[PDB]
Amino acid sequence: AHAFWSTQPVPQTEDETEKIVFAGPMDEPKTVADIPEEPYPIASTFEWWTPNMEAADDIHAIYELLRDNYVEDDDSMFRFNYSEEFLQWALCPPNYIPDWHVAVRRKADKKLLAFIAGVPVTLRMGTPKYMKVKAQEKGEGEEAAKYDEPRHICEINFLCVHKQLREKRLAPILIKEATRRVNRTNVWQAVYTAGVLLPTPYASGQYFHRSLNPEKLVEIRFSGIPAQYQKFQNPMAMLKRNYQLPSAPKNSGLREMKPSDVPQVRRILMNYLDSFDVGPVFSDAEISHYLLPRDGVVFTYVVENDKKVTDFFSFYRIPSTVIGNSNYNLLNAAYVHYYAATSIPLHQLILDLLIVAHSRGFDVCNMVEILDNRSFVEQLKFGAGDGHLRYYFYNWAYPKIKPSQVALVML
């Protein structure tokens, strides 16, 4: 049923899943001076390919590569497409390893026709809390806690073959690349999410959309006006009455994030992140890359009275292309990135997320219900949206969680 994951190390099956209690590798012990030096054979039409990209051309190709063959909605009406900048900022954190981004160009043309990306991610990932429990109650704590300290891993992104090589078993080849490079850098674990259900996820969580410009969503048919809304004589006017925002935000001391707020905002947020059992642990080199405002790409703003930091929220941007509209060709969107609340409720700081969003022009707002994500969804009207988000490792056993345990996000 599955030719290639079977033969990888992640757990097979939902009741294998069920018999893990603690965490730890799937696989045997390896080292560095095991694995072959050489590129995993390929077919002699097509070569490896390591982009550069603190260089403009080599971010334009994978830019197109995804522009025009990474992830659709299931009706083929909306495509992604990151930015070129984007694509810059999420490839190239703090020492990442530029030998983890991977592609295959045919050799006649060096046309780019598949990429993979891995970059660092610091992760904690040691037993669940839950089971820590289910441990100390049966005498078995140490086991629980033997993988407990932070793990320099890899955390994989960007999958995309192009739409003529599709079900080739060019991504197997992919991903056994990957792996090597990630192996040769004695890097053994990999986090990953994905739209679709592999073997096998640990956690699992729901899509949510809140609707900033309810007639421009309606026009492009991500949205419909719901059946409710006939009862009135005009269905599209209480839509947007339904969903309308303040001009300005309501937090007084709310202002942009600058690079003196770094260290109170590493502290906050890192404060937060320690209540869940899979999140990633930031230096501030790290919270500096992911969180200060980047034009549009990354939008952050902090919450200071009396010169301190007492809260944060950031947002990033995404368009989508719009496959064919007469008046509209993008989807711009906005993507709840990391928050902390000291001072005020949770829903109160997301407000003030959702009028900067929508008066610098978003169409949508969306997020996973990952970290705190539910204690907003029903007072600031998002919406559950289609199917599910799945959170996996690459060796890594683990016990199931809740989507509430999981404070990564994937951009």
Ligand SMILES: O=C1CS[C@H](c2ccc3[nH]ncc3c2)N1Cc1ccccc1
The other form holds:
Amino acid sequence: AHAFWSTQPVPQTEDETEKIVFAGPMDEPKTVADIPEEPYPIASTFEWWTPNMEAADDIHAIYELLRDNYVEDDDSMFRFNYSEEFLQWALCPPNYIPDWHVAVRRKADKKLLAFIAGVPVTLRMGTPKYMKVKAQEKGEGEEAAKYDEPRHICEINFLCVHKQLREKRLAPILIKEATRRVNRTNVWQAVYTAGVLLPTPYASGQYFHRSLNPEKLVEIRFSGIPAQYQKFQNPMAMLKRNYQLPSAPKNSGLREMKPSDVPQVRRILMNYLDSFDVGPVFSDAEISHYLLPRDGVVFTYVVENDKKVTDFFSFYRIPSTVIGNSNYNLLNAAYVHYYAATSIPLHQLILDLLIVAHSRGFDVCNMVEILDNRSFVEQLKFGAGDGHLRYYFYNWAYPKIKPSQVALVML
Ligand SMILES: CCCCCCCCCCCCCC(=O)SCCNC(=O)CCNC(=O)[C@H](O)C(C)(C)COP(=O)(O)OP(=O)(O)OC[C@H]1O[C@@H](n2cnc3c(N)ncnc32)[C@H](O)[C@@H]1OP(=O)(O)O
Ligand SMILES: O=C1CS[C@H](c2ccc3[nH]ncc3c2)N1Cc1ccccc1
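Rather than the form deposited without the named molecule that you just supplied, could I have the structure of the form solved in complex with the named molecule?
Full complex below, order starting with the chain above.
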């Protein structure tokens, strides 16, 4: 049983969601006025804190909590080390709601003990195309289309409870208070992802990694020298040769994205993302925020032909603490972010992403099999990793879809 999640408006079993055919709310309709105006009660030794995610010292406080207590791999070899600059970027997009950043601290010393963050997103999340088809066959098209319009919902991430406070049921409380604050803004859905299985994902995809620094990856035991490299003479030279990349990008026309590229990037991105069942909608302000280059944070390159932007890719940086190891403290990872190709095959565009990342000092490039990420796996030498990333809605009935029908990247 799930003492918490059984109380929530989410489907409860894989069996419930296999039956779902239309997109729509799960819960009773409610109004801002129904929602308690005061924070959810917590123990008197604690207090709720809304950090100011533009005060360097509050960012630093969140930074430390996540550095020491946020997501690790299943073998506790790595832990994400999101940077302060990354956290400010991810938590403060245009029109963000400071109240959706929710922390608990110890009343005494103000030691930060838990956090969860919501940000706004405009998401297309109506009935998927294949259900809309069945709907038509059956005369149920208006039902199928009722929730087609993009919705302003909340994106939740960075849920974290201090290692000392684990399994004390604090995470349900964080989630309830976040839910209250968001509802008080008259928002009734959320989208979130996790590596863990909860009730109940609408989509799940494997991770993929592309070695850029295989000697470092083997040394930290992220990668192995596969047993076929055994009956070879000097494995590490072969491994390095297998993953070697050009020193410079191959697409003439490639350069970093510029603020004046914003309208064209927006158009080619929206045209592309619009083909997926679930995906965000971005204004020019959101394209500038999420895609303009920002040092050590996000890296975005466009292909410009005939003074026109016809393709682009982006990746973002999240270092991980290497937990065991002598020689290394940090793993430097690039994650494929949004992209669009109109003039070249997708593998030729993403090869330049790998070349750039490698040339800028990244050890590995990671992604999940959403978008059309599967279309370049084999040719660019990506391998399936261990985790699955599961996608979830809160308060939204949604049929099970494949991850290749998902166009929302989660930071
Ligand atoms: C409309 C607006 C809606 C807004 C909110 C929408 C929903 C947002 C939902 C949150 C989206 C987060 C997206 C991300 O950020 S995913 C990343 C989550 N963070 C980490 O994994 C960091 C390392 N771990 C921790 O900090 C803690 O272990 C956490 C905080 C994960 C659990 O703390 P703890 O280990 O001390 O356990 P507990 O005794 O306090 O609580 C036990 C309950 O918590 C349920 N649990 C465990 N892991 C997760 C999980 N990742 N999402 C949702 N629920 C989770 C679990 O099934 C159980 O309930 P139930 O099985 O008894 O029923
Ligand atoms: O820092 C962390 C904590 S959990 C996440 C991670 C680690 C190993 C993985 N294998 N497959 C997915 C996956 C995710 N991760 C980032 C990462 C990505 C690639 C290699 C090492 C760490």
